[PDB]
Amino acid sequence: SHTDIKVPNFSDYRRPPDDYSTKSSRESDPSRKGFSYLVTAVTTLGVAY
Amino acid sequence: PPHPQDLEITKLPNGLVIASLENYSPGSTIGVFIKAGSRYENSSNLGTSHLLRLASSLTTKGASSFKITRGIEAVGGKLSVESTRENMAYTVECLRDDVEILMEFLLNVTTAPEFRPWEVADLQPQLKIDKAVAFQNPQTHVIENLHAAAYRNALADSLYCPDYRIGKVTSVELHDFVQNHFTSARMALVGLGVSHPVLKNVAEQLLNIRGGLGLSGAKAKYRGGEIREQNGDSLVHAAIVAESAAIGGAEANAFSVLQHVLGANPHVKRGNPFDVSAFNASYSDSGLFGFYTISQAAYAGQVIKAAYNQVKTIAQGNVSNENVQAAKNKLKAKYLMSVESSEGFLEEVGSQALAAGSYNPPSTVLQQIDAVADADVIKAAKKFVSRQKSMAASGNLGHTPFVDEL
Amino acid sequence: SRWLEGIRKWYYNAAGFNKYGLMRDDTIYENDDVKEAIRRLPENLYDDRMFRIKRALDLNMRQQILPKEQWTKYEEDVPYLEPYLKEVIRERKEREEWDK
Amino acid sequence: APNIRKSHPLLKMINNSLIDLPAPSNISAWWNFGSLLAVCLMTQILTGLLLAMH
Amino acid sequence: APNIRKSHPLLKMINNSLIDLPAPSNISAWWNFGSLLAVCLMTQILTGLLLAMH
Amino acid sequence: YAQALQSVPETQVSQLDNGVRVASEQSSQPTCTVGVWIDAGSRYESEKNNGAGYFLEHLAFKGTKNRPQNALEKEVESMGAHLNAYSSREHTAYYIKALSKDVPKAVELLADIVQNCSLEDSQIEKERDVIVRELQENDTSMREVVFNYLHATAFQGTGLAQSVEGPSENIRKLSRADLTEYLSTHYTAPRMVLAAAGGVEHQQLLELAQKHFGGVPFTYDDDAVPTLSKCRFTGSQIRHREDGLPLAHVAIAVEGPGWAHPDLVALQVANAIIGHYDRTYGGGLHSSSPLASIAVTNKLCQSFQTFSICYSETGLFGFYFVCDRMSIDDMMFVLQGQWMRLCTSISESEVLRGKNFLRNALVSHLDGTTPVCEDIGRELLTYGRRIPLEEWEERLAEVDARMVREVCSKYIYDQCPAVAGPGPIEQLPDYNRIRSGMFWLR
Amino acid sequence: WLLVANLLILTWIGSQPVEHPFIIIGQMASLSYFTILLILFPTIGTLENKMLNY
Amino acid sequence: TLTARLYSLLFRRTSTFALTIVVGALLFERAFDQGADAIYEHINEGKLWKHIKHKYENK
Ligand code: HEM
Ligand code: HEM
Ligand SMILES: CCCCC[C@H]1C(=O)O[C@@H](C)[C@H](NC(=O)c2cccc(NC=O)c2O)C(=O)O[C@H](C)[C@@H]1OC(=O)CC(C)C
Ligand SMILES: CCCCC[C@H]1C(=O)O[C@@H](C)[C@H](NC(=O)c2cccc(NC=O)c2O)C(=O)O[C@H](C)[C@@H]1OC(=O)CC(C)C
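Chains as they are written, first to last, in the authors' numbering: chain A, 1 to 49; chain B, 18 to 288, 305 to 439; chain C, 10 to 109; chain D, 2 to 55; chain E, 2 to 55; chain F, 4 to 445; chain G, 327 to 380; chain H, 4 to 62.
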């Protein structure tokens, strides 16, 4: 049917060790984005130069 | 101080019944009921009701289609229009002081509709869908046809503009249909959460038409019609009826209790995967009574048959004076219950403030239903089995029988 | 001293758009308002206007005009669209004001 | 499309800017100016390209 | 169109060749060659145009 | 008006030495409705325990041991009361509606279900195949499957992600036992609420409950209500394509705060501003709700609705729309864009209406008896007590533009949303795209 | 045409050395130019509309 | 906590972000150069004119 459907396990498979249930994904990633962004922020920077 | 303030009714010099009832709710709702509907259409102008029912939001003389919609919304308003073959109710709802403002638009929507030839000529293509959605419900389909097969002339006219006329209704047929039915005598400025002195001081502006009964819908001749719609939906919908009962007609309440006296019987009388119920519609100068039976294809024959035998053997003495006590009570319930919701309620202080001009208290409305029982019912059923029957049907049907096969 | 009436008459024949045989309104550039205006036009007047324009074009495209007879006379010029157009505008100005 | 004059990515452009392009019936010479302007752009680019050869 | 990225004659082209362009998911580097070829065309035209300045 | 609110009868509440909390509201009304609202749900189910709460709801009526089937119904029918109910993810209830002249009779009935259900092993093996069919029906209601799938991916891995209905394999194998294992485990007074509204006199209620709910808590456990395992929100997507369908559905959302949170107000006001559309309406002229307007002008969607479905400690603030295979994109774009606008440059004149619009649903949320009980039933259970319309009033009668901005942005700006979409969605762009649709190129 | 000529003028006045006979003529036309555009036109513009009740 | 402090304050508002790219670039420049220049020169002690400029300016 459709109830029989699940989002498979992406845990270790991918997922940063700040994401493995039992605790808000929020508060956590609103830190992670900084990083991935940090890079970009930098690349942009490096590029400017 | 207890929240009781007797619902005052004051029939204006026109015929415009003004019913209020300050119940102290934060959100009050005003409503203009009318004796209009799709019963007053001729072979032509058909569906002009329906369309009209939609032209609700079309520019008036006191406020533009724009102003009106954003006007009502800038208050957390809600304008909508519920209609039936023989009556259109224009409600509106809000709260506090905003009731006053919410009015300007309801006033204009019902009396100063200047249905502009473009707006409508640009609104008509809505019928195609408004109807298309409603028709996803097989039930509405069978019924539309039932009334067709139950009558012949006014009333038997469809509730949802027929296809062929989707874009032929004229901006005129709209005024003409209003000028003839939206007249003081056949209107009612009902309302809740309001002081009556205020709800009255509004009927003063609402005084813009008099013509008692402008076009009066022809009496409804009965017919033993039968119209099947082969469409294979894996499950058949069927309805059968025998003209009868009219609103105000003392012979009414009887079926109601027979409506309940019936049900546990027809259902518990037909084993397997299905559904079946007692059908009852009370119209101004007529009504209907029967039973619709949503049932699987091949098991459609059996289902209706058994459902019928039951309405049959119900007339031939299979009704304990107990069945009546129980059923007599359920109505007491369904009545009272479906009055909790100020909209299903404002629907009651209205219907009456329109057809009569009175207000039967919950006390006597009971004393009247309480009033009859054993005395009728068994007999109300009999009326069904004898008179002429008109069936309606949608579904594979290949296994469903015809009235000539009882 | 000098009638605006007397004047308009001037300009009208001066503009000479009636030499092509089309009403004033048949000329107003077609902006958002006018379009909506014209889109509100009764089908009668629409087809009328159309032809008048196509005729106008056809003339213009031939460099030749309409016989002195067929020119339309100032007093007989039919402001067939001004009325719709106006509602439009105010309809808008009403909306534009409300959105503030 | 059996057309081709419309079924070819390039070829369409042409049969869409030189053929089949809807243009007003009534148009004075003052409308040629532009097609001319082109011919100049050309005559200029052609001649000058050639003059740059020396 | 509220889009704009699609309602503008010029602007569409871009949001139709750099954004919104459907490209196969699976594509190796061997597919960059071309976008690079461009950058060359540029680097060449830019530098050379500039070298022709002298 | 404000006086109308104030003159609104306070709601009475008092718990038992048992645990149940008994509350309700009184009016003149002959009729009424009453019910027990359990803090039970699917969320409280396991990998092999999933379904029960439902399979249960489905036998919660077919009788008790005191009075088997034919009789309960016959006793219910016969008195003209309507016993209906549901079971969500963190909320289950069972309410009846009689003439108030039955408080003590309805109440008993209630108790006799939440405590003693026949669970006739022969009744079960039928309701088993009934659900398995009834489930196969829930299925083509794309209007729903699209939400479960939303949950499914939005809260992937945790308890919420499991659909209230439960997998076919469980419903195909739940044991006479497991059901009871569910009942006896969650159906307890401390987590159950007896609420009602109509013409009832609290005390009479109390005593009847206090009378038919003769529960007795020994241990400290029995008197304690377990707090649930936190569910990890997981910005992601789940696509169940099928161009074979009339149209596609799309539902995207950000994590919700949880009932408790005071912001759910301002937030609620948010959703008021973009609201919902649905082709039957009558408004290409609609109120600010551009999503609505624009939805009309450019014929964007068949229907769209904004929702802040929240729970105990988490939530799902998003929007859901239905649209032709073809206009899916433009819609998202325009829609998702609104969120931005909403929390980047929203105006007072806007919030003004929003509020009143909420204050209208705020009121009409409580329209009748059944509904009122709902809130009471709910209020207590999730909030702790009852929130008076006089309160909600202030709560949201004090939300300014700058407050909405500050809020929505706080839960929408640059957040990783969860999207769900069944149907011909070939047109819906990948994630990154609908993701970078979260930040406005300010 | 007052403009088109006002242009053909500026031109002559351009192919002409700077002395009183000119110069002034110059800055003059070189004034009508602007005005005719910035001001005259739009004025004669609305004006003509009113000579039509617009 | 740097990264978090950063995001919220610097990378969140597309308005801000950019602003730090700029002020950042200015810093990266100034620093990258001095660093580079040094790395370079040092890898060539006594070979650069800056380094012999002195036998007509001492060292
Ligand atoms: C856009 C159209 C062009 C304009 C407006 C234009 C105009 C001129 C003008 C007025 C001169 C001076 C001619 C003279 O001494 O009287 C000139 C010279 C020249 N142009 Fe162009 N030119 C154009 C395009 C080209 C092109 C496309 C090339 C080649 C890329 C080109 C190459 C030259 C050369 C070789 C000269 C030098 C010899 C000469 O003075 O006649 N021109 N061009
Ligand atoms: C399509 C890409 C181009 C190719 C394939 C290309 C290639 C070359 C090559 C290989 C040379 C000889 C360089 C050498 O001595 O090693 C050259 C020279 C030159 N190119 Fe290009 N060129 C290109 C485009 C341009 C452009 C667009 C211009 C300007 C219109 C340009 C202007 C020159 C100049 C100034 C020279 C002479 C100075 C030199 O030899 O380096 N080149 N180009
Ligand atoms: C491979 C060849 C492709 C054809 C390209 C060529 C194409 O647009 O050819 C015509 C339509 C274009 N003018 C017109 O269409 C046109 C339009 C309205 C009226 C008239 N006539 C007046 O009575 C026209 O003539 C004219 O102005 O040339 C342009 C501009 C272009 O060519 C230019 O880029 C060339 C430059 C870039 C070198
Ligand atoms: C105003 C700017 C408009 C943009 C123009 C620019 C535009 O086509 O940009 C891309 C799409 C083009 N390559 C691709 O689309 C592309 C396609 C499939 C895969 C990949 N990647 C591999 O993994 C690609 O990269 C790339 O090859 O440049 C061309 C060719 C063009 O530009 C050239 O005319 C410039 C020359 C004429 C100077």
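Fair warning: there could be bad hints in the mix.
[Unchecked claim] Below, a list of computed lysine-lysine pairs in the DSS-like style, where the Cα atoms sit at most 25 angstroms apart: (1) C:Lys44 / B:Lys78; (2) B:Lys365 / F:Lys104; (3) C:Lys109 / G:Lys376; (4) F:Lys104 / B:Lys367; (5) B:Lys78 / C:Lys18; (6) C:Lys102 / G:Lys376; (7) F:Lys176 / A:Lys6; (8) F:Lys104 / A:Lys6; (9) C:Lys44 / C:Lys102; (10) B:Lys365 / F:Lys108; (11) B:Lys367 / F:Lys65; (12) C:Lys18 / G:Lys376.
[To be verified] Just the calculated beta-carbon pair ranges, DEER-fashion: (13) C:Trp107 / E:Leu22: 38 to 46 angstroms; (14) D:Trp31 / F:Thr283: 31 to 39 angstroms; (15) B:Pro134 / F:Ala400: 37 to 45 angstroms; (16) F:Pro265 / B:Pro30: 52 to 60 angstroms; (17) F:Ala400 / A:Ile5: 58 to 66 angstroms; (18) F:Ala400 / C:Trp107: 20 to 28 angstroms; (19) G:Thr337 / D:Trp31: 16 to 24 angstroms; (20) B:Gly266 / F:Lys77: 46 to 54 angstroms; (21) D:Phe34 / G:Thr337: 35 to 43 angstroms; (22) B:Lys238 / C:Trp107: 30 to 38 angstroms; (23) C:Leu75 / G:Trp327: 50 to 58 angstroms; (24) D:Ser36 / C:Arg64: 23 to 31 angstroms; (25) E:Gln45 / D:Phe34: 35 to 43 angstroms; (26) D:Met54 / E:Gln45: 18 to 26 angstroms.
[Claimed, not checked] Sample of chain F residues at the chain H side, in silico, Cβ under 7 angstroms: (27) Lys413; (28) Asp417; (29) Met441; (30) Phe442.
Hints were generated in silico from the structure; no laboratory data involved. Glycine included, C-beta positions come from ideal geometry on N, C-alpha and C.
Evaluation of the provided hints:
1. Between C:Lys44 and B:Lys78 the CA atoms are separated by roughly 24 angstroms; this keeps the pair inside 25 angstroms, and the hint holds.
2. About 12 angstroms separates the Cα atoms of B:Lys365 and F:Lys104, which keeps this hinted pair within 25 angstroms; it holds.
3. Simply put, C:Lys109 and G:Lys376 have alpha-carbon atoms about 30 angstroms apart, too far for the 25 angstroms limit, and the pair is violated.
4. Distance check on the hinted pair: F:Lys104 and B:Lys367 sit about 15 angstroms apart at the alpha-carbon level, within 25 angstroms; holds.
5. Taking the CA atoms of B:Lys78 and C:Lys18, the gap is near 35 angstroms; set against the 25 angstroms cutoff, the hint is violated.
6. Taking the CA atoms of C:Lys102 and G:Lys376, the gap is near 21 angstroms; set against the 25 angstroms cutoff, the hint holds.
7. Between F:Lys176 and A:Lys6, the direct Cα distance comes to roughly 19 angstroms. Compliance with the 25 angstroms bound is thereby established for this hinted pair.
8. About 48 angstroms separates the Cα atoms of F:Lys104 and A:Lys6, which puts this hinted pair outside 25 angstroms; it is violated.
9. Between C:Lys44 and C:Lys102 the CA atoms are separated by roughly 16 angstroms; this keeps the pair inside 25 angstroms, and the hint holds.
10. With a C-alpha separation of about 18 angstroms, the suggested pairing of B:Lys365 with F:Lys108 holds against the 25 angstroms cut-off.
11. Proposed proximity of B:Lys367 and F:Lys65 is supported: the alpha carbons are some 23 angstroms apart, at most 25 angstroms.
12. Simply put, C:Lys18 and G:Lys376 have alpha-carbon atoms about 12 angstroms apart, close enough for the 25 angstroms limit, and the pair holds.
13. For the hinted restraint 38 to 46 angstroms between C:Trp107 and E:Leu22, the CB-CB distance of approximately 41 angstroms keeps it satisfied.
14. A beta carbon spacing of about 54 angstroms between D:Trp31 and F:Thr283 contradicts the range 31 to 39 angstroms that was offered as a hint.
15. Checked against the hint of 37 to 45 angstroms, the C-beta distance between B:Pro134 and F:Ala400 comes to roughly 44 angstroms, which is consistent with it.
16. At about 55 angstroms, the CB distance of F:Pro265 to B:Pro30 agrees with the hint of 52 to 60 angstroms.
17. About 43 angstroms separates the C-beta atoms of F:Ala400 and A:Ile5, a value inconsistent with the hinted range of 58 to 66 angstroms.
18. Here the CB-CB span from F:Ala400 to C:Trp107 is close to 24 angstroms, well matched to the stated 20 to 28 angstroms.
19. Separation of G:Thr337 from D:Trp31 is about 20 angstroms and conforms to the stated range, judged on CB atoms against 16 to 24 angstroms.
20. In this structure the supplied range 46 to 54 angstroms is violated for B:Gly266 paired with F:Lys77, their Cβ-Cβ distance being about 32 angstroms.
21. For the hinted restraint 35 to 43 angstroms between D:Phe34 and G:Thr337, the CB-CB distance of approximately 19 angstroms leaves it violated.
22. Between B:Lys238 and C:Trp107, the C-beta spacing of about 52 angstroms breaks the proposed range 30 to 38 angstroms.
23. Between C:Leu75 and G:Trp327 the Cβ separation comes to about 26 angstroms, which falls outside the hinted range of 50 to 58 angstroms.
24. Checked against the hint of 23 to 31 angstroms, the pair D:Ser36 and C:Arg64 passes, with Cβ atoms roughly 28 angstroms apart.
25. Our hint of 35 to 43 angstroms for E:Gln45 and D:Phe34 holds, since their Cβ atoms are close to 37 angstroms apart.
26. Between D:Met54 and E:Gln45 the C-beta distance comes to about 22 angstroms, which sits within the given range of 18 to 26 angstroms.
27. Hint on F:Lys413 is violated. Least Cβ distance to chain H is approximately 11 angstroms, over the 7 angstroms limit.
28. The restraint placing F:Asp417 at the interface with chain H holds, with a minimum CB-CB distance near 6 angstroms, inside the 7 angstroms limit.
29. Taken as an interface hint, F:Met441 does not check out: its beta carbon lies about 11 angstroms from the nearest beta carbon of chain H, beyond 7 angstroms.
30. With a cut of 7 angstroms, the hint placing F:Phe442 at the interface with chain H holds, because the nearest CB-to-CB distance is about 6 angstroms.
Violated hints, listed in ascending order, are 3, 5, 8, 14, 17, 20, 21, 22, 23, 27, 29; each of the other numbered hints is respected by the structure.
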